[PDB]
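Make a model of the complete structure from these sequences and hints.
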Amino acid sequence: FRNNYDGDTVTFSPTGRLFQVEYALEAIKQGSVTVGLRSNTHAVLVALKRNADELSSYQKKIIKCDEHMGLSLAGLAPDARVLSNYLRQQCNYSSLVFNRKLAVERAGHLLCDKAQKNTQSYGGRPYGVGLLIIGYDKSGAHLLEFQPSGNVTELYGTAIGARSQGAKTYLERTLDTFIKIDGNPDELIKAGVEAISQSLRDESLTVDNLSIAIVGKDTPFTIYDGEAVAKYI
Amino acid sequence: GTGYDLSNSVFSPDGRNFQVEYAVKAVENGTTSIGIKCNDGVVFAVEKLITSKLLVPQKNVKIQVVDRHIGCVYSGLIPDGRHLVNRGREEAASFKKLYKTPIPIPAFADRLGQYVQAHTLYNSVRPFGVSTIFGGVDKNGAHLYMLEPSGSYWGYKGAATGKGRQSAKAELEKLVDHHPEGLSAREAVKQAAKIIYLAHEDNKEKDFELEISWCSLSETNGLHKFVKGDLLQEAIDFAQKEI
Amino acid sequence: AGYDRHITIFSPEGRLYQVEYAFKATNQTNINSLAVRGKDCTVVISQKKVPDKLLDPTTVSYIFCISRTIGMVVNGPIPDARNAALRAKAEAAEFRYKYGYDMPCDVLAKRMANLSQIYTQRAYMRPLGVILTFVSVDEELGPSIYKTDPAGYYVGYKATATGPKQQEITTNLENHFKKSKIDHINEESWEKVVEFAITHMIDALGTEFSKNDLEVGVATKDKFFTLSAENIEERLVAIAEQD
Amino acid sequence: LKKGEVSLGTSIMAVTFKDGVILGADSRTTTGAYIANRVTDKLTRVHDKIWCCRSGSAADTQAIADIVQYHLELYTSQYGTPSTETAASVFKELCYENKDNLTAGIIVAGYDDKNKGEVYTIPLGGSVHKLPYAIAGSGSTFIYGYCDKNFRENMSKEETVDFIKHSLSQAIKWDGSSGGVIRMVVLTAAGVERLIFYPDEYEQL
Amino acid sequence: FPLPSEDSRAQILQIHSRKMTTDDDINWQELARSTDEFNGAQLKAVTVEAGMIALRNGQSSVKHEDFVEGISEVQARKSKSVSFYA
Amino acid sequence: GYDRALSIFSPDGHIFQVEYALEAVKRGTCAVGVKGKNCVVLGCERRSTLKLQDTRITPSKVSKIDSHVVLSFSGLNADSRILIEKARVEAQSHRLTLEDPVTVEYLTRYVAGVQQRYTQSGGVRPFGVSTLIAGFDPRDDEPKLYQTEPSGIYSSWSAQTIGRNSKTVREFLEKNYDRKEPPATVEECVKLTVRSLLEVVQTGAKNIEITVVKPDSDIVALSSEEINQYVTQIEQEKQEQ
Amino acid sequence: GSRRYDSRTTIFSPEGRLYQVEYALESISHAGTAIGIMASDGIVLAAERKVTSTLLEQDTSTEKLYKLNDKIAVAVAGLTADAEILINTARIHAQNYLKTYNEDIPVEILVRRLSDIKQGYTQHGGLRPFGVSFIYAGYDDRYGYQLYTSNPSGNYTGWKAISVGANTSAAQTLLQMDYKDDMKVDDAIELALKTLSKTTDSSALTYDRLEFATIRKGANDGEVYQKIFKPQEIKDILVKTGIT
Amino acid sequence: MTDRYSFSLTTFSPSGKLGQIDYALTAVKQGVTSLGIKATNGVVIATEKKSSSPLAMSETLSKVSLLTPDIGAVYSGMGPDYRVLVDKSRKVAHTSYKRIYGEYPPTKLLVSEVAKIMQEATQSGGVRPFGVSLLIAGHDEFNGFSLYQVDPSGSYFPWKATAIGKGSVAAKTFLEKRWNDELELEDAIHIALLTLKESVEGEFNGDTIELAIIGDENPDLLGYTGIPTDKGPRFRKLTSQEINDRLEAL
Amino acid sequence: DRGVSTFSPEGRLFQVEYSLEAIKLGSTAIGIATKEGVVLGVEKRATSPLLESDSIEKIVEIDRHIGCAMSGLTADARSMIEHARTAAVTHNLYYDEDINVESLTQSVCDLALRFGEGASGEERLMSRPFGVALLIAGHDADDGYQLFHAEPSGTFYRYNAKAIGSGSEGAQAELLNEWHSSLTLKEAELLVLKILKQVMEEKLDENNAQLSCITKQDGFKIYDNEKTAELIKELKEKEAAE
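Chains as they are written, first to last, in the working numbering: chain A, 1 to 233; chain B, 1 to 243; chain C, 1 to 243; chain D, 1 to 205; chain E, 1 to 86; chain F, 1 to 241; chain G, 1 to 244; chain H, 1 to 250; chain I, 1 to 242.
Honestly, the hints are just simulated from the structure, not real lab data.
Each hint should be verified, as a subset may be incorrect.
Not close to chain H: a few residues of chain F, all C-beta gaps over 12 Å, as computed [claimed, not checked]:
no.: 1; residue: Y2
no.: 2; residue: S7
no.: 3; residue: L22
no.: 4; residue: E23
no.: 5; residue: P215
With a straight-line Cα cutoff of 27 Å, these simulated DSSO-like cross-link-like pairs (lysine-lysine) come out [what the hints assert, rightly or not]:
no.: 6; chain 1: F; residue 1: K64; chain 2: F; residue 2: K51
no.: 7; chain 1: B; residue 1: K53; chain 2: A; residue 2: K217
no.: 8; chain 1: H; residue 1: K231; chain 2: G; residue 2: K50
no.: 9; chain 1: F; residue 1: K180; chain 2: I; residue 2: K233
no.: 10; chain 1: A; residue 1: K114; chain 2: A; residue 2: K101
no.: 11; chain 1: B; residue 1: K97; chain 2: D; residue 2: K18
no.: 12; chain 1: B; residue 1: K59; chain 2: A; residue 2: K138
Okay, the calculated beta carbon distance ranges per label pair [claimed, not checked]:
no.: 13; chain 1: B; residue 1: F208; chain 2: F; residue 2: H14; range: 38 to 44 Å
no.: 14; chain 1: C; residue 1: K49; chain 2: A; residue 2: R106; range: 42 to 48 Å
no.: 15; chain 1: H; residue 1: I227; chain 2: D; residue 2: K157; range: 35 to 41 Å
no.: 16; chain 1: H; residue 1: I227; chain 2: G; residue 2: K67; range: 34 to 40 Å
no.: 17; chain 1: B; residue 1: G222; chain 2: A; residue 2: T169; range: 47 to 53 Å
no.: 18; chain 1: B; residue 1: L223; chain 2: A; residue 2: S139; range: 44 to 50 Å
no.: 19; chain 1: F; residue 1: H14; chain 2: A; residue 2: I223; range: 40 to 46 Å
no.: 20; chain 1: H; residue 1: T173; chain 2: C; residue 2: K49; range: 17 to 23 Å
no.: 21; chain 1: A; residue 1: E194; chain 2: B; residue 2: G222; range: 51 to 57 Å
Where a beta carbon is used, it is the ideal one built from N, C-alpha and C, also for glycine.
Below you can see the structure in the form of structure tokens.
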């Protein structure tokens, strides 16, 4: 460990990998844990907030992009604001030029083009922040998993964070359940609450530690914090 | 002294480049993709390895289309493969502005050939560790090219890359000797899926998904599109019948 | 300290390592090529080596056409060759636009030599791993051949040569000029100088070439063209019948 | 149009037919009142099979004609053999951004082994269109009536020359700004052929 | 010898547990996804750390959380130690 | 130009460029000064290693920024010129922009503010020069003596020294001098400055340069003959007591 | 990676000093010496060329003493190539002050312009400092005759008698003991000439390796006379000093 | 992208010198051996043309270029570093003089501009110093004939006669006793031939030796007549047949 | 010797990672956010008795209702306050109101990521990230009194009672059981000085410590030496009682 090329992103390893890209993936693996899933007409994200003290507050892991779409925070917290600013500009650019809402599929290629310029040139660095892009367009609900390596793939649901991959087992057995649930936002969010519960180790879900955001056709993107999520605990 | 492999522009004492050789090794760590050249056009094929059941079918586009008749498929790192297509799209768009009629296949290869080579000349940027296979129907006949990490390319009657590049390229030589005079565009669609299954022996430990896109003047008439409907399922049963 | 062999700087031995390592990268393809100057024109012959059947011989060419009056032959890797080919065409067309007429062969080899030195003297870029050999017939000196180099020093030759066997080709061709005491071939027809260079090329290389094993460029007065597979095969038949 | 600048005008035209296309122009260039050069030539060669004429401000045409030779030379060696549609688009972009400073009429016509002959005329606005016959300049203003009625489709080589020779004769006698010898270039499957007349020939009918 | 795949690591990790004592409730295919590009030597250290956790906690058998916690313990590419970047 | 950042945090939390720059002052000439009630004095020494230095054409160790405020530097005599020239331009700029004469507090924040830029600017190095800014604000008779450290931290001091043998003079200023009861006359401020230089200059005359700053835009530099008058009276009251 | 090949030309040593600046000072000892003396009626400058021969051209040549102004002459001890950069910029700024205020430029303003240039490359730019040193000599109506010197660090003060070059401490010892405040121009030439004879590496002393440019003021007041001594005039003072 | 090296590749050695220049003089002392001599009636410079290949054409190579019509130049170093330096030397000569003063710069003012380009490469980052040493010799209407020796360090020195190359140690010592105060243009040519002949290890002829002399203004080589102001350039290069004329004269 | 953007196998950056340890190298700033106001305090840490108390100011004023304090190296603090005062006053020009305390913190914390060499797409020139910790306090009309912390890492937390610098461990643990939602403004002033008396090396007085406050009416206010001296005498009665 801590050998070979730690210096720059433009130097290739003898094994055909990139250490700086692999080191950026470790930020999400040890970062704040969060889960997510989606249905045909709806999408739900669940995040677990952390802090350094009991007397402190809990930063929001979900930043609102537009009315029809949003993202989630994982891995490096401060690098989320950089990609969130470039993403909200592209959402408003399509409304002021093309007068159309930015699709989820096309939104993944925009953030992939921003992170690839820093990896292919000196002086820049790949942003180690995880992003789960949800939204609803004429095609339907879509969810994406963003990684510093540039991998963008649409999934029914996934989890990124600390011990988050251990919660994907519940999503596989229930994969045939929530996909057939349409127009039932109450029972759909409960599917994500039971998913993150499998990743709980030290503490459990509390009022201030549970952050749930839902988006759909008849229901726009809304962030539920505080006592709004107390009914889903 | 050590350090020949630290930088890019530094030449090895044997006459090679480590940054170029290490970029080729990253090509064989990605998903495999092949291609078949016909008389009236070319046929592209790619095998996307499915990780888990959470992947939604046919929502991941491996083959990105530049302009209309120019298809592109890459095997390697995802951002390095998408950056060449996004750069090649700006080259095809800037060409039609001044030069009117779209750029042909052999002329489009010079755009990516000089662009990738510009990365190996400077230590400020890195080369592309992805192998891009692009082609289509140009003004005269048809052409197919495979962009290597070193920037070297030629005309390819067939192309093989990825983990199964060893077993896939061996099957391309059998197709040439089978139809030395010419090969129809409809027959190459089923032959493209057959070679993928023959190269699946190395990738058989995971799930696979078939994605085929072809372009010719016989049916689409200068249009590069994917395969949907019963045509895709027909090539699956024909290729799996010989197994 | 030990970075003298990495970036180009004055060495403790008074040499340049990266410049010396650049000559080892020109032979990577291992292609022998020779050119002799006829009376009214100049002919060049280069080996055509197609490693794989999937490569189209018509698309594979190591000889580029810069202009109608200027041919170019490159021995080395194609990605560094096409990078210098697209650049040489930009500077050659700039002369006709800015200065009004066609550039001769000595000036084009002079401008590319000073440009190749920019790839050397500058420490943040690397020199080209190819050797540009321009074949053209001017209006004053007539037939001429100028050979460049990654160091940026252009010099004219009578019969140019390259490849690993260059030492055997130059020595074999030296005995012809020293015995006849002539600076150029006295054959007026451009067909005679083609068959003349093939005879000395086979005996020196010890190999009987085929129709697809050679690429013969022909630079005439105010015209340049590359012989196809049918024209190269036609010359080989007449040699075996006459000699 | 400035005050005192050298202008061309006169009449330039090209007529397509079965075996190819033949262009035409005169040698007279009227600068302001007097005639600056009566022996000059308005023909311009950007390619062996692609020809273009020059009309309007002379300083605008000769500058744009040289820029196109630089773009197509890069297009010929790198990309491939140019066509009539590719060369016509180069004059288009040069007359767009420079439309304010550079305003001149352009007519481009060439030969091809597939589409045979094509004539693409560019007015002062910079549009590009396909027409079998196209005229421009100050001298051609009077020949619109004669060229439209007597024009035929898919003519011979002798009928094409006589059609242009009689057409440009009206643009000379009726307009003093145009005159001199008639320069014509022929594009067929054989090659480029130059044809020139004399004032004592076409004026006698 | 390329790095083992998802289904390849699930078989290797399970064989090292043949001499151990568990409740057979551990999903080895789930543990294979938590292991990203690990060689055959790094996979053996996972079963070693899993046995050390049950000694401190006093567990009579190695459960599923022992392998998950063993990954969080320092083996390869693991640091922790009250380091939080927020 | 050169965009590479020279300043790098040490794993302990310090900075190599900032820490090593502080030793350029400790190897330089000792600059000590004190302030009284209505007056302030800034002393400095000179290097005795080389002789035959013309005093008239030699630039003074205490540079005059303005009529009511001056500057006394130490350490490197090279990088000190960049801070003095830019401070004098700001003196005329602040006088032009706000139509107000510059004060001592604003001039100190500017000189310290410029040093904070080079530490935060990639491609440059911080100053190894420590400057002592003293003067009198307009319509104010209270002297303001502010220390400017190479790290960019500024502070006010009644009696403070910088340069070589600093710990020796600082212990001398904390005993024989009282901050709560400074001297009310100018003569006592000059005699205290000379005594502070006796532990460094070590029996010298032409190597001592003392500049007296007075309110109402009055700057009087003590000549070589006037400094020796105070040295004679102190040496008689030193060995005999 | 640009971090490895960069040697960090400007950084602070653990002792609190600069690396390349200390190494640039050693180049002065390995270069030609420069000596000058400020007298009452003028300033006498002197230097010596290094690595000479018979094939050298002594007709008109000076490799050390340059003239930046009619009233101001300088001396170059160090690398000659690094001097030509500042000599060109010095004549620009000296004439810019005359272009603006329409009067002759003093020495102090001319020194600080080139001194700030040396400080710019040491503080920023990531380049190497100037390996050349200068000795400034001139006259004005402000402070009178002024004699300064420069260093690659960019620090300058006034000097009555200064020696910068080979054998710095050896030449300054003989100049200090024989220095006098009443020394005239004729007496200052003998002191500067006898120092170069004892401190050189050769046996005898010829007029080819010596260069002298003085400053004299005649009956004309307000403008001095800057005259570079030619080898014909250099061999004349060798007899008066007794060296011959 | 652009250039990420702004730092000077030439650093001060702990011994008080520059490592790049100390090794630059080594590349000058090993290579083609040139020479030069100045006389009262003109300046005579000469150099040897080495043969890398027996089929190489010596006429296509110019070892003595032309800066200004009155000033020639010769180089003992590497070919490429000479051409770019001279191509930039003619630009600064026409821009700063022909486009300002209108005439050509003299020998003393031209060597300062040529050495100005080399001295900037020894400092500014991203570039390396020139490993060539140029001999600038010419004639003006005031100072007369003068020959300067441009070192790779950037400093120039005047010399009556000098030689640089592999035989620079032996040839420069010989020129001390072979030069005096009174010489002609043709008399200095035989001196250059006797010195260079001992340094020729290959074929000795006029094709392998480039001999250029600066004589009186020649109206025949000017190209036009009728203007008494310009009588033609003083720089002239002897052809292959003209060089062989004085080789047998020894 | 490497780039400032270099990642670590720990998943974090180099550089800034060390800036977090540089906070303990300076003084100790302690503050408590109550319902009646926010009481902030710092430590002057005078190394010599001749240093003026009014000289070193570690508590600045961004707005009448918004103020902060600095700890650790104060060289990087001045550069942040220049932009913090600018972004707050410039926001008054655009929106004709006072910027929120939480909204202002997000704009200030974005300055820690500006380090880099040759940034592409725009011009951002920074040699090193800010190694100073700032406690952002204030009051708004929505959430009420807020006390934040500006970390060099670029993130921020809203603390009820926070102790930074050398007291980030010992002095921070005491704030857990000594804080309550009903704590008044007068009792919070003596509670801060209760910890400052133990954590200070020398004796606690008005010259060795400077405290401030932020209220709804008067806003930001700095305690006078006479007001501070009255709280020291009342602190001795709260220490020794029974």
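Hints, verified against the model:
1. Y2: violated, 4 Å
2. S7: holds, 17 Å
3. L22: holds, 25 Å
4. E23: Label holds. Min Cβ-Cβ 21 Å, cutoff 12 Å.
5. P215: Check passes; 49 Å lies beyond 12 Å.
6. F:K64 - F:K51: holds, 25 Å
7. B:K53 - A:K217: holds, 26 Å
8. H:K231 - G:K50: violated, 41 Å
9. F:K180 - I:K233: holds, 23 Å
10. A:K114 - A:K101: holds, 20 Å
11. B:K97 - D:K18: violated, 31 Å
12. B:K59 - A:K138: Judged against 27 Å, a Cα distance of about 15 Å means the pair holds.
13. B:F208 - F:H14: 38 to 44 Å: Given range 38 to 44 Å: violated, Cβ gap about 56 Å.
14. C:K49 - A:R106: 42 to 48 Å: holds, 45 Å
15. H:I227 - D:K157: 35 to 41 Å: violated, 56 Å
16. H:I227 - G:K67: 34 to 40 Å: Between H:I227 and G:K67, where Cβ atoms are some 37 Å apart, the hint holds.
17. B:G222 - A:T169: 47 to 53 Å: Roughly 49 Å apart at Cβ, these two residues keep to the hinted range, so it holds.
18. B:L223 - A:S139: 44 to 50 Å: Hint violated: Cβ distance 22 Å, outside 44 to 50 Å.
19. F:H14 - A:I223: 40 to 46 Å: holds, 42 Å
20. H:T173 - C:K49: 17 to 23 Å: violated, 56 Å
21. A:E194 - B:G222: 51 to 57 Å: Holds - the Cβ-Cβ distance for A:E194 and B:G222, about 53 Å, lies within 51 to 57 Å.
Figure legend: structure checked against the earlier numbered hints; hints not met, in rising order: 1, 8, 11, 13, 15, 18, 20.
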